[PDB]
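Consider the single chain below, provided in structure tokens and representing the form deposited in one PDB entry.
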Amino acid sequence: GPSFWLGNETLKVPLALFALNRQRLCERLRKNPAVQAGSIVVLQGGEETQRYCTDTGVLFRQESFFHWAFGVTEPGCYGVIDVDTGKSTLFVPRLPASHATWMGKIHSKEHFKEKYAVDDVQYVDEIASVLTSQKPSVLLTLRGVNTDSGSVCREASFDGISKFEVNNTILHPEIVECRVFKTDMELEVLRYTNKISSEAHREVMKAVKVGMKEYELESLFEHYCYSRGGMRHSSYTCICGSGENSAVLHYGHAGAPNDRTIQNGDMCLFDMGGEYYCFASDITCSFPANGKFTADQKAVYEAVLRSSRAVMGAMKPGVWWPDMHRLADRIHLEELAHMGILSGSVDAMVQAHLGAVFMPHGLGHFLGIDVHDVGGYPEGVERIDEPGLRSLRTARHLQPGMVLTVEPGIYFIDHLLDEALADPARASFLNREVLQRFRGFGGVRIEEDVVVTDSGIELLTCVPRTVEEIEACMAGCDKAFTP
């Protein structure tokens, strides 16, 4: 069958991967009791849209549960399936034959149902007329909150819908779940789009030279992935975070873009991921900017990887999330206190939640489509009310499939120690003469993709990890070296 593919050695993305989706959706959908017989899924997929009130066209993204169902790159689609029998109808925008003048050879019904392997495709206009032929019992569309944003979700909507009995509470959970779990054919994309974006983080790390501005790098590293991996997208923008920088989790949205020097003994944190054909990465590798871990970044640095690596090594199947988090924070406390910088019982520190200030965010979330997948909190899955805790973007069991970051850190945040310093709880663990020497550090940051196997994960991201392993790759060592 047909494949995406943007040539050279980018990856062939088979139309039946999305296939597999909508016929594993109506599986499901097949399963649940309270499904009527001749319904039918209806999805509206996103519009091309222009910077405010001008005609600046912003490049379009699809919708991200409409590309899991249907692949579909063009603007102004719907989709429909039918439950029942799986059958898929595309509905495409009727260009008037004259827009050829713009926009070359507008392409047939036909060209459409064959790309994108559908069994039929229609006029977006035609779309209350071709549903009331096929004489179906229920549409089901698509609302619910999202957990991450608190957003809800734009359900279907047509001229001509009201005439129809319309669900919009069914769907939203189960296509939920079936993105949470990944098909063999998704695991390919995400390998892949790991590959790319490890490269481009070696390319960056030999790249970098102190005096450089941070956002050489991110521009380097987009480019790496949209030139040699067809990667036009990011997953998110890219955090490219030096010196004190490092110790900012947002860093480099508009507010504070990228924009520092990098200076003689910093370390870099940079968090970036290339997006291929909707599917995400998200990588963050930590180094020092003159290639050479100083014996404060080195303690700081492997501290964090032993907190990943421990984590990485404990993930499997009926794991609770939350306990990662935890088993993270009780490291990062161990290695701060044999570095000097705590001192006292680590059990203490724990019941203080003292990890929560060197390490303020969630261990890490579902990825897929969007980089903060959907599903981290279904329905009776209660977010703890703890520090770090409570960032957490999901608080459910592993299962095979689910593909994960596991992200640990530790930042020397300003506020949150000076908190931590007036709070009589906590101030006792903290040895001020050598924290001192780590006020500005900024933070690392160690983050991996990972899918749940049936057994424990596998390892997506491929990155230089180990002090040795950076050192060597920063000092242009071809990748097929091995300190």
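Positions refer to the first chain, counted from 1. We call the rigid core the largest set of C-alpha positions that still match within 1.5 Å between the two forms. First, how it differs from the form deposited in another entry.
Fit the rigid core and compare the CA positions between the two forms: of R232, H338, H397, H99, just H99 moves by 2 angstroms or more. Residue displacement note: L6 has its CA displaced by under 2 Å between the two forms (rigid core superposed).
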Second form
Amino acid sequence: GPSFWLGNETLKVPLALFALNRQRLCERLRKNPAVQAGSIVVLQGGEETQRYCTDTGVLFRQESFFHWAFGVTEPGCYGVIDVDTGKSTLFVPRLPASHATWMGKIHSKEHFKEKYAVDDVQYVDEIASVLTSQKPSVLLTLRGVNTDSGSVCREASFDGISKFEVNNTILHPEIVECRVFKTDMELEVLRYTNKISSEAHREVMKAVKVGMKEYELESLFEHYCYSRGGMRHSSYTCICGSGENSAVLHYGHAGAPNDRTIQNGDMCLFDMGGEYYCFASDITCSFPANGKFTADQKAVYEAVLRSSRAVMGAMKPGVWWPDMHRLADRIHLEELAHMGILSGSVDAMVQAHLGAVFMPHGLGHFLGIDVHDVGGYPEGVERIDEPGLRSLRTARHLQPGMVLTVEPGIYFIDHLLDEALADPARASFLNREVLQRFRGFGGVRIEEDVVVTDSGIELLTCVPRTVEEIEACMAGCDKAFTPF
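Alternative state: the form deposited in another entry, after the form deposited in one PDB entry:
Below you will find a single chain and nothing else.
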């Protein structure tokens, strides 16, 4: 069959991946007692957008559910699936003659059918007529809440949909559940996005020099990912925090745009991941800017390496993800005590939620078409209202096929530390005279992408992780990647 490919050494992705997703969705829907025979899934693809009121086009990236189901890269499409038969129909825009001048070849419907391996292709202006002819019982559309953004996913609509009976509640939980569990074909793509992003992280580590701006490494990373990986998009805005900025969790946005000069003695925390064909990667490397860990940097870093490997070693089906977050907390606290930053009973530290002072975010999250992937809090799975844990993007138990980030970290965040020092229940554990030395340290995060297997996990990421490995990698002299 056909495959998506950007040539050179980039991954060929079979369009059968999407056909399998459509089949898996129908199979789930058929088992749902509420789903009527003759139902049709109706999805609306993303449309082209501009900057505000200007004609400056924004580069189009497909809506994630529509991509999962069809893998279609063109804007302005719709896609439907007959639940009972699994038959797929793609609706494509009927384009004007001038498109041939400005945008490119005007492809036939047959071209798209062959390209996307769907059962039928029609024009978007015919969708109402085509669906009517099929005499469906009900149209199943997509509406639900994303539990990371809190945004409501908006329903497909088209001229004349009012004449149909529409259900917008059944589909969202079902398609979300399918996305939670990755097929072998999806895993091949995620192995690839991790491979390229890992290589790019290595190139960045080799290239970092004191005196560079953070954004120079962001630029290099994205260039590696695009030119070598065919990754036109990143999975998210590159987080390139040096020095105190490594304590800022989602540093790098427009308000704090990776514009600090890297200084001797800084820790770097680089959280970056390319996207290939709308599949994510999400990797964080932490390392000394000057290629040599200080004693303090080694201690903090190896604390996070310990919780990372402890969690990965414990992960397997049936394990409760919040228990892993708590494991990481307990390990961080043990290590910070060994360093002399903390004193006292670690049991008591845990009871006082002291772990969340140093790791205020969740241990990790589902990953897939979206970097913060869907399905972390389905109905019946509650958010835990405690420091740290309340930021977890899922409270589910692990099952095979789930893809998760494992990203413990330790940070020195002034407002959290100040809060803890003011609280007598936590202050007693903190040794101010030692902690003071770590103000402005920043932080360390070690982020791997893994897949749950029948017996444990498979690690997708491949970057240097021990202190020795990192120092060796940064001292490497290969002019493997030297632009101009």
